[PDB]
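Take a look at the structure set out below.
Note that one protein chain of the assembly has been removed; the remaining protein chains are unaltered in position.
Think of it as A, B and C in the order they're written, each chain with its own count starting at 1.
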Amino acid sequence: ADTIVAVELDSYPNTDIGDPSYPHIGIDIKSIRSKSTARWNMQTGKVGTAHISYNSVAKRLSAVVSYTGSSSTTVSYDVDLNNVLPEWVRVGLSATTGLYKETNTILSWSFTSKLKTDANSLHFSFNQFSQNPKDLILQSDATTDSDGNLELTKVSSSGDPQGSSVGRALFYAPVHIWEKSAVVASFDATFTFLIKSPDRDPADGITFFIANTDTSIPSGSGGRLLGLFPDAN
Amino acid sequence: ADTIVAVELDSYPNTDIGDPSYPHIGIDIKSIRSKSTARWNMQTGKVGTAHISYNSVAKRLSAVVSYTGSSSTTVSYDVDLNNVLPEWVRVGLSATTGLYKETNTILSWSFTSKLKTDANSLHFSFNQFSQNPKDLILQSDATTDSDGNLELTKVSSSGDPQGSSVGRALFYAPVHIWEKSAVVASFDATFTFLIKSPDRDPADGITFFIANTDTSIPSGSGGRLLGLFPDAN
Amino acid sequence: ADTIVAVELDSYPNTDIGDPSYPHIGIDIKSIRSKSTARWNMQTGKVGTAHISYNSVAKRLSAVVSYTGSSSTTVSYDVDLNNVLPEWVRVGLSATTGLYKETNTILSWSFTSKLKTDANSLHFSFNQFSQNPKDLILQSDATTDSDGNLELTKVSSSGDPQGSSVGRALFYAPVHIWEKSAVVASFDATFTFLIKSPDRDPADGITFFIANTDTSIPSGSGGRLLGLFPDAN
Partner (left out) sequence: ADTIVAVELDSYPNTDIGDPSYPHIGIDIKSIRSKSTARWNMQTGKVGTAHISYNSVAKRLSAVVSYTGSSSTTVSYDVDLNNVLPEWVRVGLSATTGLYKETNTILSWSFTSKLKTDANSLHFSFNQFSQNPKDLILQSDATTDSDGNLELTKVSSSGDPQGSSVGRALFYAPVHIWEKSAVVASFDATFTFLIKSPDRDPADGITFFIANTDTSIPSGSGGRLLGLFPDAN
């Protein structure tokens, strides 16, 4: 299986598998069962912004989600990512839909990682996406539309979101997030998203994640498993 | 008085005023009495590197000091800097010497701050310093030498450090580290230093600090007070 | 007098003083009489974007102005800026109005300069401006409005532009754009603007400029002189 670290924007509460009884954002460390979660006042229909940051010294993975002119949602979890993730990784975005749906549009995405022992670094940012982006590995249904937006999950020609869909987008170049005796390593990511839906209770969510470089959509990882895990353990 | 936040590289143990009985690095929040300290295996004579980072979401000020081919020293303190510092600040470097001395040479210094509500930012970096640097506010004895290094404390023409000296260097432009309803704010700083000394027990240390924009060397802030505070409260 | 280098977005054709008989953008080197100009298809009422770049090796100052979904305007001039500008400078934005008016709103502004001999650098960017920005030197009428925009020239409470106005905004920290034996130096700047006007022929324009660090609005530098020069020589 893969090794996964992620910040989930969980729109549908799957109380049966540990999820709180309300939309939320959480930090997942090798398990869909978030190590930490926080109430997310979902603004279906409005453009949101997610910011994720971490550094090997403070060892505190944090994330904040906001919408113009409205309070933000934040979540943090203390953990030394060097204990979880391998030295070389690929970073990406994933999203799913199940019985209930929603659009999982990504309008922009930037990422920066630095490894000091000087200081090697990788930084990329898309304010728009082109169809057939050669610097992205699109998995599942994920695709880029004519507007320059990244649709992680299927969206009809009418723009209507489809259920039971899954997709991911990984940056092409692997990233060296750590090495023995490195002095400090850090990474920061930001993405803007647009979740729309005709459903009274939209599902399932969007995530920013980091995994082994050969990561792929696990068998039956749809719906409540945000396309990151094979099961709910 | 000033409002000060700092990461101190305390070379001399002043046990009388809270200091541990060994060289150390610490985080000071409006008091020379560090809120958190860690043992610093001082490498007198070798070039060291300090890295300081913080973001408004994780709210954890961290710092790591290292030397080539040798373990590093780290220290962190959980605190919401928005509660301590004013919205506009100036960042700088300070250093002192008392009865016992040491050189407090700065070879390079970089700093980055971002404020998102987009994202305003300020970034500067010196790999060398020119004499009469117009983008630095030099306070006390602090000066730039012919080699392009910043000498925070007095150093004889022979290169010998002098005791009872104090100096600071602030970046010229004020920095807006926070604003109401900002989504996230962060800053990161790095500097390389060279502390040399003929003394068996060198003093007193070097700090990276953030304070009110009109900050200045407090009356009798020399020696064990690292040129940041008027007293030891 | 001051030493000035600038990229002018000249909205009003002052044919009497060398100006072409149409709105234009030009590169000015110590003279309002541009060394090079190009036809500017002014989009009064729409948000424009200006990008200015230069490096000591290619020695070619360039600038491009564009508006969404419409062709751009470009202008270049080969010149070694080390022959014109002093080693330390301040960069800024200026704008004016005369008999005829227009708003000269700046929505964002970023700047980056690098000097290698390593590589010292300065970078700042505002996606919004706060009233009473401590990292800007506002000259003349220039002010920040409640929306977070920079109004270089007077704008009535109703938003109506006023004639015979002048204003400039300089970044606070001086910039070291060059030093003897430097290997390469470069700078890049971008700003977005909004020029509105009830006039059939709006005036006078907006500029990005670089000058001596103590530069100020020259006596009677209003109107066609874009607040940069004392006369039209």
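Note that in this section a contact is a pair of C-beta atoms (placed from the backbone, for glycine too) under 8 Å apart; a residue touches a chain by one contact, two chains touch by 3 or more.
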Per the whole complex, from A:38, A:122, A:194 or A:232 the residue touching the absent chain is A:122
Taking the full complex into account, find the residue in C:36, C:76, C:213 or C:216 that is in contact with the omitted chain. C:76
The one of A:54, A:171 or A:209 in touch with the missing chain is A:171
Touching the missing chain, which residues of chain A? 88, 117-128, 130, 133-135, 171-176, 179, 213
Against the chain that's been left off, what residues of chain C make contact? List them. 49, 51, 53, 55, 57-58, 60, 62-64, 66, 72, 74, 76, 116, 183-184, 186
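Definition applied: only the chains that are shown with their structure count from here on.
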Between chain B and chain C, the Cα-mean centres are separated in Å by 37
For chain A paired with chain C, centre-to-centre distance based on mean C-alpha positions, whole Å: 40
For chain C, write out the residues touching at least two other chains, lowest number first. none
